[PDB]
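First, one chain by itself: the form solved without the named molecule, in structure tokens.
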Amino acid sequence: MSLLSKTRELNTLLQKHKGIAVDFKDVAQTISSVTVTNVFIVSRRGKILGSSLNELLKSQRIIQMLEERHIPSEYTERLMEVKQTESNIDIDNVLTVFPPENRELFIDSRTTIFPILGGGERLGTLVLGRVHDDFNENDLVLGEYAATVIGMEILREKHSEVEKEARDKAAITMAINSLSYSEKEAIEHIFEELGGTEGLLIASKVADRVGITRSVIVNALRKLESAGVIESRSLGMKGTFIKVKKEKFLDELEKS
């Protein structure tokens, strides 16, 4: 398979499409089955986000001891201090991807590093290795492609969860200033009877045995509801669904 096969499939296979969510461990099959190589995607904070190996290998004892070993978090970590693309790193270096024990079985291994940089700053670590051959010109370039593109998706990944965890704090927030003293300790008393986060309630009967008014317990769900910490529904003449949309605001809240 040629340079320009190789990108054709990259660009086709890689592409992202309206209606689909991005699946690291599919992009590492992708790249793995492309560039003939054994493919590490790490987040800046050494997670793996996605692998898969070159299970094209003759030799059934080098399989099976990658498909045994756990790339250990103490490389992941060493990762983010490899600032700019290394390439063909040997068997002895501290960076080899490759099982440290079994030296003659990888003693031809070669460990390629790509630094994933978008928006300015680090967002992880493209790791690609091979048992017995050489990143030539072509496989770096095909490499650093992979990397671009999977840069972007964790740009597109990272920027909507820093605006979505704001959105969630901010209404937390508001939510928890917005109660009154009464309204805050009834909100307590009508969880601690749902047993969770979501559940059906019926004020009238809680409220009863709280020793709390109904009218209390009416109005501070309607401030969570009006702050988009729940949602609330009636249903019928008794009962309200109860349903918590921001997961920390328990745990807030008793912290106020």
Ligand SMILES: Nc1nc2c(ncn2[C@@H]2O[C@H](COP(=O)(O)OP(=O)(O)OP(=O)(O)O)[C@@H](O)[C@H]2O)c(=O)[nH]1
Contents of the next structure:
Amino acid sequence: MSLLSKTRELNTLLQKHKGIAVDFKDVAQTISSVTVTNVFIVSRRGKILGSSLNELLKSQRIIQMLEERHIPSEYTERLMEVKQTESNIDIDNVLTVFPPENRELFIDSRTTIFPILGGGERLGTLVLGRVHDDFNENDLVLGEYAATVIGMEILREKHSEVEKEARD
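Switch over from the form solved without the named molecule to the form solved in complex with the named molecule, please.
A single chain, with no partners or molecules, comes next.
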């Protein structure tokens, strides 16, 4: 499956989805599909806006995050410190999206972190994880596309509410 074909899944979702707002659950599932990754889309404060997970659902810690609708405040803080795309992060790096208490299971895991920016502001983080294979530049194109477009969507959303708080 060519890179062109992969980028088209995201473009198709953006072009043809209903409503003015793209659903980040849909976006997470599309990225998950074309990069074969566990996917988190999180807010500035680590609220889970969308996810699409496979192996990670076998972790009760992960499951609890999903119930709480937040990643851990510590991981959130560490994601906010990542200022540009950081890729192929290993299981011993605190930036891993995999639970370090399952080190043997995820020994070859790779994590890539995409800061989400819009309107010149940090609006969230896109996090992708694989149990095995390294990310390559094509994966990065897809990730940064996705991150850019999520950023446009959050930016529009927040300016809808900020100008509705400006009414007051």
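Numbering follows the first chain given and starts at 1. Between two forms, the rigid core is defined as the largest C-alpha subset superposing within 1.5 Å.
Peer 1: Rigid core fitted, then: does residue 54 show a CA shift of 2 angstroms or greater between the two forms?
Peer 2: After core superposition, the C-alpha of residue 54 moves 2 Å or more between the two forms.
Peer 1: Note yes or no: does the Cα of residue 15 move by 2 Å or more between the two forms after the core is superposed?
Peer 2: Yes, because once the rigid core is superposed, the C-alpha of residue 15 moves 2 Å or more between the two forms.
Peer 1: Could you check whether the CA atom of residue 73 moves 2 Å or more between the two forms, using the rigid core for the fit?
Peer 2: Residue 73: C-alpha displaced by 2 Å or more between the two forms.
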